[PDB]
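Participant: Fit chain B to the supplied structure of chain A, relying on the hints for placement.
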Amino acid sequence: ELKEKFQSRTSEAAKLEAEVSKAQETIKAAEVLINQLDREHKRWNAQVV
Amino acid sequence: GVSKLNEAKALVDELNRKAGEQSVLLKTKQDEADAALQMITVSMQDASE
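Chains A and B are the protein sequences, given in the same order. The numbering of the first sequence is PDB author numbering, which starts it at 3143 and goes up by one. The numbering of the second sequence is PDB author numbering, which starts it at 2900 and goes up by one.
Keep in mind the hints are simulated off the structure, nothing from the lab. The C-beta atom is built at its ideal place from N, Cα and C for all residues, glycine as well. Nothing false has been slipped in among the hints.
Below, computed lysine to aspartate or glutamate pairings styled on EDC-like, alpha-carbon distance capped at 20 Å:
#: 1; chain 1: B; residue 1: 2928; chain 2: A; residue 2: 3143
#: 2; chain 1: A; residue 1: 3147; chain 2: B; residue 2: 2931
#: 3; chain 1: A; residue 1: 3164; chain 2: A; residue 2: 3154
Reference excerpt, derived from the structure (chain A facing chain B, CB under 8 Å, subset only):
#: 4; residue: 3144
#: 5; residue: 3147
#: 6; residue: 3148
#: 7; residue: 3152
#: 8; residue: 3155
#: 9; residue: 3158
#: 10; residue: 3159
#: 11; residue: 3161
#: 12; residue: 3162
#: 13; residue: 3165
#: 14; residue: 3168
#: 15; residue: 3169
#: 16; residue: 3172
#: 17; residue: 3176
#: 18; residue: 3183
#: 19; residue: 3186
So that you can see chain A by itself, here it is in the shape it has in the complex:
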C-alpha cells in the first residue's frame, strides 16, 4: 500500500516542483525590470505634476 502511496505522492512534489522553477524564472525575468524601475518611478513622478 505505502509503496503505491509514496509512488503517486512523488509524482506530485516534483510536478509541483516544475511550476516553482517556471515561476522562479518568471520572477527572475521580472526582477531585471525592477532594478531599472527603482530610479525611473521617481522620474515618472515629476513629469505628470
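Facilitator: Relative to the frame of chain A, chain B by itself:
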C-alpha cells in the same frame, strides 16, 4: 505609464509569495512521502527479521 506601475507592483507582490507557498507545500508532499518511506522501513525492520 502610471497605471502599468500599479499593475506591475501587484504582479510582482503575489506570484513570489505564491511560489513561497508552493515550496512550503512541496515540503508537505515530499516529506509526507518521506514519512510513508519511514513507515515502510519500520515494516521491513520486522519483515526481514
